[PDB]
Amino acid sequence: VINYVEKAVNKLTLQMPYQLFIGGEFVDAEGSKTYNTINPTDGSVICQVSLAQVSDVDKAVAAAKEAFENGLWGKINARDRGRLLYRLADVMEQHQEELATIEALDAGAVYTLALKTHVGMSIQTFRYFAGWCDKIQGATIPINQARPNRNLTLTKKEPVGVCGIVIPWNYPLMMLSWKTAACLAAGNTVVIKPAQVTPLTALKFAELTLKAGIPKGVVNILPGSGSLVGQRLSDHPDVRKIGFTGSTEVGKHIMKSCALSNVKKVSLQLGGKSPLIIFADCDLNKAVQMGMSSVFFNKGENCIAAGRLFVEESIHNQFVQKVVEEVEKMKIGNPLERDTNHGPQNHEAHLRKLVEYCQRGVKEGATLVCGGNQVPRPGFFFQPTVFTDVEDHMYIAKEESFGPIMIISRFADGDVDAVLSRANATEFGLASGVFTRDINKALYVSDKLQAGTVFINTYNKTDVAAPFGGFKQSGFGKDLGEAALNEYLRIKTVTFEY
């Protein structure tokens, strides 16, 4: 029996584990160290959570190693590993309300959204990748023959081994699912580091793996400090692969030392300043709706949020007038209340950064059309914001806010290449989008944008089957789609002469 933090809310009784999950058991950190996790709706402490130490990281890795090398996970059929992942998906669905509620408490996710997306997308992700298990195939290859002898060459796809994955705070459960599911479907075992500010749905997910029958050690979770746990994973001889999503700083401060020692594969997702180019011949009202969703979705804590919007001169003023009208209707409130459209930011440090961000936008000469401030009310809410007359040299044309700030620049009519070049000046290349009814423009702009995802006449449309990952300083490597499996597999070539 597991210790919980029990809590009655949203007409449920939550049972929330708060310890490290190592080797199939919930256990305290070395010397029972803990830290507090904070509810962004009111500022209150939700509970105390184990704060993993170096020696705990060693234990998790050992447990993952033993589970990979000698445990059942490495001995069962691919089809059966698939069943167990599809069973974990079902357990997650049986608990969806509870997970969406913990996500609402821990991360400030509006509850109706957390059920459909934070939780809804996680379940699709395990189900999708469970179905890959017995469909991962190698090749037989028609090589030149060592006459008068014959040759056969075949490749076997095999698991890489123990993986260390670091999860960001913006969709704690969903981002955990994205990495973990492909990694696990490929046959690996894993040590997961949830972001310090958001451990709780991760720890509940751990308990759910016990309910699903996932062997002890295949999943291990270490809440605590990022630099401490990330660094030790990066340096560990037994960890073969590091999946990192996070900030550039931050970040490859303690994870530069990864390929740079005992060798390991690395995947990296590091940020974006995604452009969204809206042409005059788009469907204006739709562009306002998708345009807003591109920025405000999930309180802007959205790794692919449109970071700049370029809006063609002749529709600019009308576009802004409409966005303002729609912004006025958004309902800011507690993520549990069903009428809420816009929830609190994830934690206080990040709220403070957004307030600074907008002070700076104003200072450097952008027009603040609305918001820009903390909402007067308890917790960490921030007012949906709109800036116009943004120029390419401004800090806010380059820095990623990671919050609900719409940053709008004009471009002249008929000026495709010029706006592409401005749209491409960012050192990032995670996502991008274009709204236009015109086929020729849509396809040309999608070739020319230097980003890993291009949305056309839509935005935020991710899918568990569609690979997602950046170019340039956004990193490299894909989550989601068949393409994600390859980061978590190695190829063995076997060549016979006979």
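Take the two forms, find the largest set of C-alpha atoms that superpose within 1.5 Å, and that set is the rigid core. Residue numbers count along the first chain shown, from 1. First, how it differs from the form deposited in another entry.
The residue that stands out in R83, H253, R422, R127 is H253, the single one whose Cα moves by 2 angstroms or more between these two forms on a rigid core fit.
Output the form deposited in another entry next; the form deposited in one PDB entry has already been displayed.
The text that comes after this line covers the one chain and nothing more.
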């Protein structure tokens, strides 16, 4: 019997765990400490959540270590670990309306989007990785033979062991699922730290691990602060790998802590300032649709959002006019209402950052075409924003907004290399995109863009089977695809002589 916060909302009765999940049980933090999680649609407290302390991290890690070394998870067939993860995907899908409603409450995700992406992609992620379990394979390798003797050399793919996963607040359940699905399919056990401001879908996900029959200790979830709980995961001597998504600064600090403790493996998905180049020979009405989606999707709280749009000179004014016409049709609203297509920002501090960003944009001289302000209504809503006449030296040409602000620069007709050079002049390299009907330009621009993902005539088209990760200061290592498994496996080489 679990304690729940019960809430009747969206024609459902939600049952939300709110405690730490350690060793297959929900338990209070040390000294029963708690904190409040806030609903961004009206500013209210949703409920109190356990606030993990250092001694709770140590309990979670111990539980994970025990589950890995002596529990069932380390003894079952790869195929049977697969069945458990498939079953976990079924359980999530049976609770999909509920998880999507929690995410609407906790994170501001518009409900219909949350059902299809926040939740629907997490379910795809578990199913996808469940199918890898018994298809992760090593090699047999034709090495030189120590004649007159013989040699056989093979590699075995083994789990790393206990991992810690630290994730951000923009897609709480989906980021959790990206990393956890690959981590568990590889045979590891895990301690997860959701972002403090968005713990609830993680804790409900935890309960679902019980329903799916995941052995106790395999998954542990610790709502709590980065500087305390995240830091202790990075320093812990029994943790063998950290997977991190979040900002560049915090990723530097996590990589440093992995170094100074036990050289634990790390992967990092860090910030972006992703460019989208739109040529005059593109399909203009699709460029406007996909151009808006690259900025406004998920209220701009999107790791791969296009952070600059470069638009060729001859279509630039017509492009801005069409975007303004579509912007005006967007419906801002409570994320639980069916007609809503733009929900609130995730939390108050982030809303404050966005207001300040756009003041700085106006102050340094860009043209504010629309938006820029907090919407007058309760909660933390931000008006979709369009800036034009952005120049390369401006702050908003360099800094990632993580909000629904479209930042447009022009480039001269016929220029390809000059616009590439401005798109690549950033220390980030997470994503990028190009719109053009011309196959030669599309192939040449996708070769020259210095980013982990290049979208061509589309944007935001991620897929559980297509690896996602950045270059340069956006980090290294992939989530999704077969590539994500290599972060959670190690290779043992075995060489016989006979």
